[PDB]
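Number of protein chains: 2
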Amino acid sequence: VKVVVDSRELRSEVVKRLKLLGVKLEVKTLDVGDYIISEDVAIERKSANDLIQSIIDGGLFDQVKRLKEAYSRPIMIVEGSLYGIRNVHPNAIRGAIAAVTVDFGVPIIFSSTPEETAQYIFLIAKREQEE
Amino acid sequence: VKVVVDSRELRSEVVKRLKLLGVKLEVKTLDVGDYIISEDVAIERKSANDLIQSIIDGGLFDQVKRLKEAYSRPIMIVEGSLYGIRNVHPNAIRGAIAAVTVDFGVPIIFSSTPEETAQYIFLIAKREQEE
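Read top to bottom, the protein sequences are chains A and A'. A prime marks a further copy of an entry chain. First residue of the first sequence? That's 5 in PDB author numbering, and the numbers climb one at a time after it. First residue of the second sequence? That's 5 in PDB author numbering, and the numbers climb one at a time after it.
The following block holds chain A by itself, in its conformation from the complex:
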């Protein structure tokens, strides 16, 4: 399987696992997206803390808009637990999640670790190659 990865992700643990899984990576500096699977499928990796921060600063919807305008089938992988992070009401997180997945129609898959994020990227890429 072949995956294009944005330069900023190069030395991440995600890339390490993708390489262990035998994925062939092509590095590029992308204006949008972190991992490109096909001309239509792109993945944006976001830590739970960054998701919450983007909700606090009201920048999440602009981000999703940009992802959708660049790829017809974008996917967001939120990495890390969203529970236990105070300073923000649960409804603020829930509301944002519902908005992105149901309104914007962009899937928000949850990963517990960078290794799991890599496993998701791998299985999606494999299905793409077969498809």
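Treat the hints as calculated values from the structure; they're not laboratory data. Just so you know, not all the hints are guaranteed correct.
Same chains, same label: a pair holds when it works inside one copy or across any pair of copies.
In silico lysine-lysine, DSBU-like type, Cα no more than 30 Å apart, as pairs [as the list claims (entries may be wrong)]:
#, residue 1, residue 2
1, 130, 6
2, 69, 130
3, 72, 130
Since the structure of chain A is already known, use the hints to place chain A' on it.
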């Protein structure tokens, strides 16, 4: 906000919280779906254990198919943690999740408790009423 609930959910903790939130419920016996928000939006509540079981028995995709054929904008809320449940490889769960959200295009929102499931149903219903 008004929500139609399937009879089998009547005495759940989800319904208890929806009532506390001031939601007006209409009970019906639905052939598909557990909570109906609009003519287009329906929600299927599934425990983590039942999701895993449906993957084991290969019945998940048939279930999603039926949800989609009944409602144009179906939503699945998986309640409970999917981690720590052996007898099934993580990739089996990940693969199923990716398939439903990306391939079938049905959002899979994750809830930690029946109370959280109710909070999601509530905020979605409210946005529907306003919309």
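For each hint, the structure was consulted:
For the homomeric pair residue 130 and residue 6, the shortest alpha-carbon distance inside one copy (9 Å) is at most 30 Å, but the shortest distance between copies (43 Å) is not. Proximity of residue 69 and residue 130 under a CA criterion of 30 Å is satisfied in both settings, with 26 Å inside one chain copy and 23 Å between copies. Taking the closest pair of Cα atoms, residue 72 and residue 130 come within 30 Å of each other both inside a single copy (22 Å) and across two copies (25 Å).
Of the numbered hints stated above, none is contradicted by the structure.
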